[PDB]
Amino acid sequence: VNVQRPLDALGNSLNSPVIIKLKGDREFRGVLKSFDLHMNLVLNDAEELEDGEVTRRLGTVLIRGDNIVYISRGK
Amino acid sequence: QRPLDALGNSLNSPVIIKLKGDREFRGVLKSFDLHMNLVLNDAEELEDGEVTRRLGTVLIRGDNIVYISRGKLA
Amino acid sequence: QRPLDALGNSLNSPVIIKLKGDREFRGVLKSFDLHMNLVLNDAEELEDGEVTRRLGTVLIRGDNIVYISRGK
Amino acid sequence: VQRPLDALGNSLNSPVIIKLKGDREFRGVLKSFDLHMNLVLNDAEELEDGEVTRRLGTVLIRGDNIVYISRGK
Amino acid sequence: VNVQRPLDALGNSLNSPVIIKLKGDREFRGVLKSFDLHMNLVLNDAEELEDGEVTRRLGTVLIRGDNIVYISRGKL
Amino acid sequence: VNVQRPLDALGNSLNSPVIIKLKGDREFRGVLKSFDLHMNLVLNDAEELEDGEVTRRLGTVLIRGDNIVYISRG
Amino acid sequence: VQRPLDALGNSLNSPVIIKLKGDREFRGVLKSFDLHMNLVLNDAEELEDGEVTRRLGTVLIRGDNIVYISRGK
Ligand SMILES: [Cl-]
Ligand SMILES: [Cl-]
Numbered sequence: 001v002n003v004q005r006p007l008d009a010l011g012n013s014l015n016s017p018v019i020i021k022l023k024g025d026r027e028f029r030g031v032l033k034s035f036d037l038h039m040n041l042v043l044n045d046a047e048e049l050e051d052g053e054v055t056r057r058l059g060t061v062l063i064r065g066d067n068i069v070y071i072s073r074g075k
Numbered sequence: 001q002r003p004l005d006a007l008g009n010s011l012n013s014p015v016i017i018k019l020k021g022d023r024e025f026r027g028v029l030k031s032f033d034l035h036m037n038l039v040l041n042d043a044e045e046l047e048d049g050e051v052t053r054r055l056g057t058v059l060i061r062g063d064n065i066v067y068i069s070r071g072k073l074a
Numbered sequence: 001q002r003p004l005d006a007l008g009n010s011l012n013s014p015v016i017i018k019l020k021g022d023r024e025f026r027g028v029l030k031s032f033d034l035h036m037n038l039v040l041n042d043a044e045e046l047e048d049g050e051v052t053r054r055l056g057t058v059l060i061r062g063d064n065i066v067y068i069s070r071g072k
Numbered sequence: 001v002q003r004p005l006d007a008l009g010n011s012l013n014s015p016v017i018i019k020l021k022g023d024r025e026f027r028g029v030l031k032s033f034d035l036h037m038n039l040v041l042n043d044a045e046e047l048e049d050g051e052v053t054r055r056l057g058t059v060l061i062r063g064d065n066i067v068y069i070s071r072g073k
Numbered sequence: 001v002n003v004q005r006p007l008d009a010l011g012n013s014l015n016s017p018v019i020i021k022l023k024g025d026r027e028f029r030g031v032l033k034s035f036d037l038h039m040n041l042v043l044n045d046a047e048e049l050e051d052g053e054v055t056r057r058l059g060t061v062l063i064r065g066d067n068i069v070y071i072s073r074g075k076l
Numbered sequence: 001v002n003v004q005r006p007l008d009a010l011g012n013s014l015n016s017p018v019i020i021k022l023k024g025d026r027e028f029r030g031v032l033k034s035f036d037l038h039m040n041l042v043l044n045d046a047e048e049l050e051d052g053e054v055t056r057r058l059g060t061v062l063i064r065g066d067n068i069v070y071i072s073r074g
Numbered sequence: 001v002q003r004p005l006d007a008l009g010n011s012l013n014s015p016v017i018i019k020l021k022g023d024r025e026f027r028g029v030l031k032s033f034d035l036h037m038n039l040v041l042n043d044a045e046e047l048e049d050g051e052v053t054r055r056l057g058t059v060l061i062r063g064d065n066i067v068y069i070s071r072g073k
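Chains as they are written, first to last, in the numbering used here: chain A, 1 to 75; chain B, 1 to 74; chain C, 1 to 72; chain D, 1 to 73; chain E, 1 to 76; chain F, 1 to 74; chain G, 1 to 73.
Hints in this document: simulated from the structure, not taken from any laboratory. Treat the hints with care, as some may be off.
Stated by the list, open to error - What follows is a list of derived Cβ distance ranges for each label pair:
(1) G:14 to D:1: 45 to 53 Å
(2) A:36 to C:50: 39 to 47 Å
(3) D:23 to C:13: 22 to 30 Å
(4) F:47 to B:50: 45 to 53 Å
(5) C:50 to B:74: 26 to 34 Å
(6) G:55 to C:8: 32 to 40 Å
(7) C:33 to B:73: 44 to 52 Å
(8) B:74 to E:4: 16 to 24 Å
(9) D:2 to B:8: 28 to 36 Å
(10) B:74 to E:23: 34 to 42 Å
(11) A:31 to B:74: 40 to 48 Å
(12) C:71 to E:11: 38 to 46 Å
(13) B:74 to C:13: 47 to 55 Å
As the list claims (entries may be wrong) - Capping the alpha-carbon separation at 16 Å, the derived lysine to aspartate or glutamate pairs in EDC-like fashion look like this:
(14) D:21 to F:48
(15) F:23 to G:49
(16) A:23 to B:42
(17) A:23 to B:50
(18) G:21 to G:46
(19) C:20 to B:42
(20) A:23 to D:23
(21) F:23 to D:45
(22) D:21 to F:8
(23) B:30 to C:44
(24) B:20 to A:8
(25) E:75 to C:5
(26) E:33 to C:48
(27) B:20 to C:22
(28) C:20 to B:63
(29) G:21 to E:27
(30) D:31 to A:8
(31) G:21 to F:25
(32) C:20 to B:24
(33) E:75 to C:22
(34) C:72 to B:42
(35) G:21 to E:51
(36) D:21 to A:36
(37) D:21 to F:53
(38) C:20 to E:47
(39) F:23 to G:34
(40) E:23 to C:42
By construction, the Cβ of each residue, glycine as well, lies at the ideal position given by its N, Cα and C atoms.
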């Protein structure tokens, strides 16, 4: 999309499964349902991963953008 | 429906707050602001899934929050 | 909305201030700004629930606060 | 005299190297970026001391965690 | 003190000895000479402390507010 | 120079070799090509050192000022 | 009446000691500084345990790392 609008890539993932990598190495998987300029975001049917192992099924969750390291598409 | 707008849909509901450093909280959300500072009623701290201290009503600065989820009353 | 506008209700009441690092304070909230910087009279710095120091009047920077709860 | 973020502009659609705090490393084609250096990479790959550790495809990296960005091969 | 003006209490400690706690469990004592909006301070006759005992004499020093955890005056 | 414009010093190093010292102690050396008010900067023919021994040659690189502790002449 | 940043101004061109987070320490002549306290030292020297460890000549220090500034030497 716009080379000045990197958050659009997030819009290109609305209702899709994403992978949230947090500072401290924590990982989160779920369906992106929204986000804002601060990258705060809402995940649906989100699950907390550890070394690739689900360790917590939270359901819907709001993640503060400040903690995010990266967001990538996943299955 | 921007992220914070979700918190509104949880006002007066039991939520679970996860803080930096792996500290966790549980209580009924009564208010919040854009910075995600928030007030919890009948709150209580948790460690490894077991309550460690009941703090009743408490104000949490959003800066320390990692995520917030839906919870249940016991 | 009103988290801040709910701290005022404790103005002149005993509060507990938990900080990053687990250091905690107890005392009478006397004033605060929107950044959560606040003043405590008859303050006490605690550890493990044990009074570590009697500070009297103290100004704490909000930036180090984790949470504040209504004391007793 | 192009300031810091222009040199970034000259790498648009070129492979780059992003080095994060905590020493984690990434490689991928730079697709976009903002003033905060929040950026997007396509064909992204995370590295383990010069050894590919994970293929991420398209990824959005928050600038705050970045240390430096270098040109790629 | 004004319920919305915490820094006021700093104004009340001017030219009065104070205790400054910094991030990293470090401490300093001295006489408050000036402070600004960000809690940057200037202490006269300052001293760094550790375990309650002096670690170093610094004289006049300018402390950046950001490193401050809390500022204590006395107790009356 | 201007006792009010410390970044003027950076201006004086444009196209000269500098030593960038980062948080965590990492260290970079290269030729300063440009910078902004946040001290974000570009270096040509840059190299990452370790205890005085270059351990990586990055050529042109963009360093976020945020990680910088200090910058010296080389 | 004096304000921190202005008092700093009182030390332009005199020796000052800059103490940083991590406990690294530098000494040199204050040559310039802005509101963020990013500043410049001429004849700068980093110390460790109280003994010079390296002479860095002119150096630009980011205020963000600064804990305190004191009149030294
Ligand atoms: Cl929620
Ligand atoms: Cl001074």
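Given the hint that residue 21 of chain D pairs with residue 48 of chain F, does the C-alpha gap stay at or below 16 Å? Given pair residue 21 of chain D, residue 48 of chain F holds - Cα atoms ~14 Å apart, limit 16 Å.
With the threshold set at 16 Å, check whether the alpha-carbon distance from residue 20 of chain B to residue 22 of chain C stays at or below it. Since the Cα atoms of residue 20 of chain B and residue 22 of chain C sit roughly 12 Å apart, the hinted pair holds (cutoff 16 Å).
Checking one constraint from the list: CA of residue 20 of chain C to CA of residue 42 of chain B, max 16 Å. Satisfied? violated (22 Å)
Range first: 26 to 34 Å. Now tell me if the beta carbons of residue 50 of chain C and residue 74 of chain B are that far apart. holds (31 Å)
Holds or violated: residue 23 of chain F and residue 49 of chain G, Cα atoms, limit 16 Å. Judged against 16 Å, a Cα distance of about 20 Å means the pair is violated.
Please work out if residue 31 of chain D and residue 8 of chain A have their alpha carbons no farther apart than 16 Å. Holds: residue 31 of chain D and residue 8 of chain A sit about 11 Å apart, inside 16 Å.
Can you confirm whether the C-alpha distance between residue 20 of chain C and residue 63 of chain B stays at or below 16 Å? holds (11 Å)
Assess, step by step, whether the Cα of residue 21 of chain D is no farther than 16 Å from the Cα of residue 53 of chain F, and give holds or violated. violated (21 Å)
Going straight from one Cα to the other, do residue 21 of chain D and residue 36 of chain A come out at no more than 16 Å? violated (24 Å)
Proposed proximity, residue 8 of chain A with residue 20 of chain B (alpha carbon, max 16 Å): violated (28 Å)
Does residue 46 of chain G sit within 16 Å of residue 21 of chain G, going by the straight-line distance between their CA atoms? Measuring from Cα to Cα gives roughly 13 Å; hence the hint holds.
Status of the given 39 to 47 Å range, CB of residue 50 of chain C versus CB of residue 36 of chain A: Once the Cβ atoms are compared, 43 Å apart, the range 39 to 47 Å for residue 50 of chain C and residue 36 of chain A holds.
Hints 1, 3, 6, 7, 8, 9, 11, 12, 13, 15, 16, 17, 19, 21, 22, 23, 24, 25, 26, 33, 35, 36, 37, 38, 39 and 40, counting from the list given before, are not met by this structure.
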